[PDB]
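Visitor: What follows is each chain in one-letter form.
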Amino acid sequence: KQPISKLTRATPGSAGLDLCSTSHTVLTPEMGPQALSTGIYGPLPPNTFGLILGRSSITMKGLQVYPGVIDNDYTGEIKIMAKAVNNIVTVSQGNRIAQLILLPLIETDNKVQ
Amino acid sequence: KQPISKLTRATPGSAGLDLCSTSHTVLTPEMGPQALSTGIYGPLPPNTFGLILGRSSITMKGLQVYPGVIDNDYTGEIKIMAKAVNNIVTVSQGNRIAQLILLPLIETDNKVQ
Amino acid sequence: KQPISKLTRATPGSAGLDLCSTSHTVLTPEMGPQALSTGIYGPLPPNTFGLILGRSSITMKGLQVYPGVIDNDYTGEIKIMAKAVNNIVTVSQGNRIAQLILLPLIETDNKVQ
Ligand SMILES: O=c1ccn([C@H]2C[C@H](O)[C@@H](COP(=O)(O)NP(=O)(O)OP(=O)(O)O)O2)c(=O)[nH]1
Ligand SMILES: O=c1ccn([C@H]2C[C@H](O)[C@@H](COP(=O)(O)NP(=O)(O)OP(=O)(O)O)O2)c(=O)[nH]1
Ligand SMILES: O=c1ccn([C@H]2C[C@H](O)[C@@H](COP(=O)(O)NP(=O)(O)OP(=O)(O)O)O2)c(=O)[nH]1
Ligand SMILES: [Mg+2]
Ligand SMILES: [Mg+2]
Ligand SMILES: [Mg+2]
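Protein chains in written order, with the UniProt record's numbering: chain A, 632 to 744; chain B, 632 to 744; chain C, 632 to 744.
Mixed in with the good hints there might be a few duds.
You can't tell identical chains apart in this list, so a pair holds if it fits in one copy or across any two.
[Unchecked claim] Once the Cα atoms are required to be at most 30 Å apart in a straight line, the calculated DSS-like pairs of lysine-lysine come out as:
id, residue 1, residue 2
1, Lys-692, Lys-710
2, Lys-742, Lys-692
3, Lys-637, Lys-742
4, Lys-742, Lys-710
5, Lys-632, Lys-710
6, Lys-632, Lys-742
It is worth saying that the hints were derived from the structure and are not from the lab.
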């Protein structure tokens, strides 16, 4: 397992930490949502949670990443939920296919139930 | 009407407050976006706004929630904008179908026009 | 080029800064993702990044905006990545078709590589 501290940012001012596919995968529109492996695991830094979002160059190529929430205390593998929009999409091993955004986790008194 | 203070978090470290459907609803891909009732209303805590996002177990089952912005001063009912991706999806009353994330509302000098 | 300081908020408590299409554009579902021009450019205020999200009245009319990340130091034109969901969608010049949300940019020690 690899922690999110192993992820890289494309540039200093990049909001997102890039997530790469660990598998070669072909996706077609009739397959609907697929969960792609990253080999990266939570959890996240204190007082933060994560959002997985598409990379724009990838979205424009017809692979939709559904926005996903990563909980602060998730310790499982971060997966990318993805769907081929219109056409056949081929993901290669190591391709940067999404990005992780870190956001402040606001405390509230909502019941934890 | 029920305020967002009535929502619950799945776990202490869960970023999202779960939103449940108040109706049994069937959705098909040809129907396109539908707005599901929650019986939960704004507004939000001071200096925050909301994002409605999908729950991953729900997205993976073929129901797409379109990300939606909840304004700090919205006092209407929070609705979930949803679409069946490929297949027929049946939502039952009380099913947790999305989640509300709270985020800091940044002040800017943009004209309010 | 116009900076994001030229954007307007619908109301004082609106989280989003509205983005308008500068072109008349027709979109069909078979066209897949299209990048709509706004004539608005980064960069963003210090310590912030942006998210482009749909407006709910627009999403409900069948035009999906794919959530997009605007980096703090992006100096290019902000484009809206959009797709007609089920039907033919006609965007007119000046129509508010998405919104820009500003969010705090969290610093981490991830390699910038
Ligand atoms: O894109 C995603 C979304 C979620 N996840 C993981 C991390 C997150 O903390 C965990 C739970 O996410 P959600 O709350 O969105 N899913 P759901 O509500 O279906 O499961 P749970 O009841 O555990 O909260 O799933 C991913 O790996 N990728
Ligand atoms: O998923 C959503 C998105 C928005 N909303 C409500 C809350 C939000 O404050 C209100 C307005 O949202 P948008 O600005 O996204 N919609 P639009 O720009 O079409 O309407 P307005 O001109 O009032 O801002 O709609 C929901 O209930 N669910
Ligand atoms: O909806 C969007 C998304 C991104 N963008 C622009 C701004 C953002 O800073 C820039 C890069 O975005 P991403 O990182 O999402 N794209 P990608 O990873 O494909 O390109 P790069 O390798 O440059 O980061 O693209 C838009 O104009 N609209
Ligand atoms: Mg990028
Ligand atoms: Mg959950
Ligand atoms: Mg609006």
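Visitor: Determine for every hint whether it applies to the structure shown.
Guide: Each hint tested on the structure:
Proximity of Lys-692 to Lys-710 under the C-alpha cut-off of 30 Å is found in both arrangements, the shortest distances being 20 Å within a copy and 15 Å between copies. Taking identical chains as interchangeable, the C-alpha atoms of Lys-742 and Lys-692 lie at most 30 Å apart only when they sit on different chains, with a minimum of 27 Å there against 42 Å within one chain. In this homomeric assembly, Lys-637 and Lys-742 come within 30 Å of each other (Cα to Cα) only across copies, at 8 Å, whereas the closest approach inside a single copy is 34 Å. Proximity of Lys-742 and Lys-710 under a CA criterion of 30 Å is satisfied in both settings, with 28 Å inside one chain copy and 21 Å between copies.
In this assembly of identical chains, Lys-632 and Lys-710 lie within 30 Å of each other by CA distance solely inside one copy; the values are 13 Å within and 36 Å between copies. For the homomeric pair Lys-632 and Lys-742, the shortest alpha-carbon distance between copies (18 Å) is at most 30 Å, but the shortest distance inside one copy (32 Å) is not.
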